[PDB]
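Chain residues, written in single-letter form:
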Amino acid sequence: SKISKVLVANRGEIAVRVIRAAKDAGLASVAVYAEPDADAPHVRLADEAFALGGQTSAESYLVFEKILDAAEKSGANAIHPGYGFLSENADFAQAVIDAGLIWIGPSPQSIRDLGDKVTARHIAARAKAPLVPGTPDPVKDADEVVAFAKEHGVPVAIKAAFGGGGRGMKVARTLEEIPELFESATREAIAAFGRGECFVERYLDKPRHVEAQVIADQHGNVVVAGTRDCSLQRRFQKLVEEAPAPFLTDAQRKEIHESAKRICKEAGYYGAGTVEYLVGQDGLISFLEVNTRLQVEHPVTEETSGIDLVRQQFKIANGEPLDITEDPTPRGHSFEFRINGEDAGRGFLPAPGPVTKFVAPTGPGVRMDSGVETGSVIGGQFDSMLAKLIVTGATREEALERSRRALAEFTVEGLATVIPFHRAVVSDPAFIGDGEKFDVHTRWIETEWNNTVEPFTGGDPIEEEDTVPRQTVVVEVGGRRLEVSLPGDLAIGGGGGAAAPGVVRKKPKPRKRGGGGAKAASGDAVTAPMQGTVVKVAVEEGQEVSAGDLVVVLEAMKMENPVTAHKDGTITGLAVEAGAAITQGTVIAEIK
Amino acid sequence: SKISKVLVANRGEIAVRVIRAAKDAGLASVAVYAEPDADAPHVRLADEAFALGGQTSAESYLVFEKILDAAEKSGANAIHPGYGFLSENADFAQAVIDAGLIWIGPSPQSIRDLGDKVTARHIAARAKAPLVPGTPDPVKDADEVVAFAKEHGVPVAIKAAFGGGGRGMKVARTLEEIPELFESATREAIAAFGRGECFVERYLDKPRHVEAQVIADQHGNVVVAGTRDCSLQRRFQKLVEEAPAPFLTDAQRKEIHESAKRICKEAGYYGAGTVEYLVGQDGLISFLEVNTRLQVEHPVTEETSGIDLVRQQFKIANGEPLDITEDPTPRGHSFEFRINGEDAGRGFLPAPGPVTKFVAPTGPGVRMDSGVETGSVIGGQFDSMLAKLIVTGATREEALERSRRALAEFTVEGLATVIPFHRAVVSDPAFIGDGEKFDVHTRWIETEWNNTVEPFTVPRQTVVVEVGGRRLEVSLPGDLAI
Amino acid sequence: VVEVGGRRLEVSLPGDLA
Amino acid sequence: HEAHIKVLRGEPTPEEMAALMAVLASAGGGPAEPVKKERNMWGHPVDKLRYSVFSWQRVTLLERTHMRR
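Protein chains in written order, with the entry's author numbering: chain A, 7 to 598; chain B, 7 to 463, 474 to 498; chain D, 480 to 497; chain E, 26 to 94.
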């Protein structure tokens, strides 16, 4: 049946976007929140809201029963999953359909059929989608990986067929590496990725991530609503994206628009989606994936294609055919910058913190989507994204001038962000391009970019002169306006307060244990280095350990960080087991 | 010569908007501020800012030498006409050009020729535009008015022909007051402005105010950049605009698009600007005005046509020959609300003082442009508009749905404001008509909207310095400890 | 000494104003 | 390691810089000779109070006030 009241099973900027889309479409809207999120803007924006409880996602957004109970108690007849959490969960999409609630997404069979890399390989081959050389079926062993190297050469990429997240993709240069990579990658495949399935492909040195937005109805009509290039990936997750894909031949552009529909028809896919391809140096388009979540990057393709891309999901969940018969014109150009709590100067590491000020850019060509505001708090429970800055203009040059200005208007205070990185790439020749190709590529940030971003200092006083109070005033000189910062106790002339009796200035010590190189205590306790969830534990009481041996894995902001023994000994007491939330400084274990 | 630095002799949304256009174009922007607004957003966003002093435009922005000296001390190359203030003063535009500074607009004689509505009648009679029943030249005395008024007949409007500004007007369903109404129209214009000239015409009560908008090269190439509807008005004053002008028939579009290039190339206009027309309840067109400046509601022209009008004005003023030929197609539909600090529950009586919250909405096809930011303060000496809400979509009904949300998200506090009006009107079936025609007209908001909005419930220390070759005023704050 | 936007600048003054 | 004056927005010309600094230097009012003042305990308030013969404030107020330097 038709949607009337939609529940958004998600948090933050996508929850705000989906609630807005529903309220636009005239639906009533229901939010759910975990306890860490009880006051984020989306909770206040939905027409109604319900508490899941739980500190963690596993205590909260991932609990199928709690999400169905939320739908039952609210009477919300439809569920939208957003992205992450249960959006890719075939078993949840099944459970909600079996519960009789209108699933705003593709069929459980479609999700399960797309969700395995080898079935995706086979069905994409059946569609004859453009594809890279590689072994078309799982390999047994290191010596069978060598059977591909004996035909297509090097470099060799390997994947766990249920690996992902940027974790499961490796490259090899030699045959002697292979036993180490196999007895590692299959260990990870079985223990962490739950499945020892792995396969092999031709590596691309500096490819571009090129993708196409696909829309399909329950009646099999399929549209390619546009394309992006996203090749600014910090690892394998994305940071800066743009629409359309620049700098490609019309033959490639039409090959993309043709192949995407065929992939959708061979899968039987319906709803919103996107198909991910890599464009190689040989210009070969090569399919990787169709994701079933509506992608974060939808709004740049909204700003180009004019259509709302989320609303189509509601209409297709009603089963109404597409209102528009044709591929829209990708008028102008658009950029998007992901705004994240990550320190680029610390080497793109996530860090939690307060948002003590959030002045978003506004004006021409600028759209802001955010899950945070002045006064928000970000904890280690969820991924780093704060917002998206979307910029549009008459051409890539004009949109980049818009970006250069907008990112200079942007200020965020209270936590580290990637905005200093965006401000660089929007003025880096390697991303401006020469008008015929990019030098930017899927490995560029980690290697070729000259990182000029200084590590985030916050407001901390760091040097001796930073300790001195300051008063900052406006003084107007010749009719100019100057903003001027005066120390509180500088000496000029005979001035009073040029000194104080008994008062000393010195460089303050950082709020770090011991000296800067005294990273750990001489004591026996292994103390948790960060706020997170204890996601793995690797030892039993009385087990022998040596310095550098793993003791636990902590998930902070969905970055898994290993925490290791600082001395040899045995863990004589252990305080936690997996799934526990853990605070900074908590004793995990004592090694004696 | 060329533009590298530009001074924006304005305050409010146009000042920010032009500072943004300059900083997009890579051009250094110089703001000028008064005592109420030395800490306004434009003063924070400009690359440089300069004091004018005084509390009002009359002590400040209207004194030419203050602006010319600010331009000289900044070394600016160009000066930009915003809205109001000196933006349409041809004598200032010439004094700028004589100072070698690039006026970002049409030639001073073209400004002088276009700005007067009698000469606009003569220009329309040269351009062969459709014209309304009314006196072609100003009346000269009350007997001249009484002689004309019996011939052109009821119902009558009596209007100041110069500086009319949406207020120099009277309406008459009965003729017997008119002798004192003419005496007032003459005396009031002599007293306020020093031109007493007026014209008298039939009162077209429920038309649609419409405009087209062109880009026009110094070389005389002209393109229609868009067309818009302005009919949502209180008392000759705007509240919301739509882009394009909705449901105009093909003939009306063709006639406007040819008349726009004709009127522009016959006036020799250049820059970017609107041409403004009235559509009667029968749908027939008549000519009404040409604004010399860029219209305030230029943003939804720019972001509906895809043409960067304020940057196109920078291009034209830099002397780049225009890149555009075919009139850009309006794609989808768009709205531009104006939000005043006026109580729509009390006849839109202004309410100055602080605005204490301003969590403007943002999201899919929504934007804000503001003179205010959270903690801004309003005085009664300036236009009551705080900000403008822009909304756009692939269809008019989609953009209305979006507006019906966005105006409920948009939360403002500390002063009375028209947000509840926008909330109602974007929700009222008088405006969301059949999807082919709708009821609203230029007096609907007063006479037919059944309004349900509930009522509301130290100087510097100045030290004057001689230094080297210069004498500088220096202003300290109320005090400093140093 | 004065800093201006990241310049170091030196200014010389009479030891006499009071 | 000294705390310097900073100008945060715009750049003045050398003339404007000189005027700004000159007026601020003029605003630098004070004693012209800030040093530790001459100690004179004659008739200090702590000598005026009545202390019980056994009052601990004879240590922690009276004596410490006299002896502190």
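Certain hints may be false.
Computed list of chain A residues with no C-beta within reach of chain B, every gap over 12 Å [unchecked claim]:
no.	residue
1	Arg23
2	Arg240
3	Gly312
4	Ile396
5	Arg449
6	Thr458
7	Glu489
8	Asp495
9	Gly502
10	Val510
11	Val559
Calculated pairs, DSSO-like style, for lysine-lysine (alpha carbon to alpha carbon, straight line, at most 27 Å) [unchecked claim]:
no.	chain 1	residue 1	chain 2	residue 2
12	E	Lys61	A	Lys512
13	A	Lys363	B	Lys363
14	E	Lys61	B	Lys29
15	A	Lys363	A	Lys212
To be clear, the hints were calculated from the coordinates, so they are not data collected in a lab. The C-beta atom is built at its ideal place from N, Cα and C for all residues, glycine as well.
Here is how each hint holds up against the structure:
no.: 1; hint: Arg23; in the structure: violated (7 Å)
no.: 2; hint: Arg240; in the structure: holds (26 Å)
no.: 3; hint: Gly312; in the structure: violated (5 Å)
no.: 4; hint: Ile396; in the structure: violated (10 Å)
no.: 5; hint: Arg449; in the structure: holds (32 Å)
no.: 6; hint: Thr458; in the structure: holds (21 Å)
no.: 7; hint: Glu489; in the structure: violated (10 Å)
no.: 8; hint: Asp495; in the structure: violated (10 Å)
no.: 9; hint: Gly502; in the structure: violated (8 Å)
no.: 10; hint: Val510; in the structure: holds (21 Å)
no.: 11; hint: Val559; in the structure: holds (38 Å)
no.: 12; hint: E/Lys61 <-> A/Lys512; in the structure: holds (22 Å)
no.: 13; hint: A/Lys363 <-> B/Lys363; in the structure: holds (15 Å)
no.: 14; hint: E/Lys61 <-> B/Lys29; in the structure: violated (55 Å)
no.: 15; hint: A/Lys363 <-> A/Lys212; in the structure: violated (38 Å)
Hint violations for this structure: numbers 1, 3, 4, 7, 8, 9, 14 and 15, all remaining hints satisfied.
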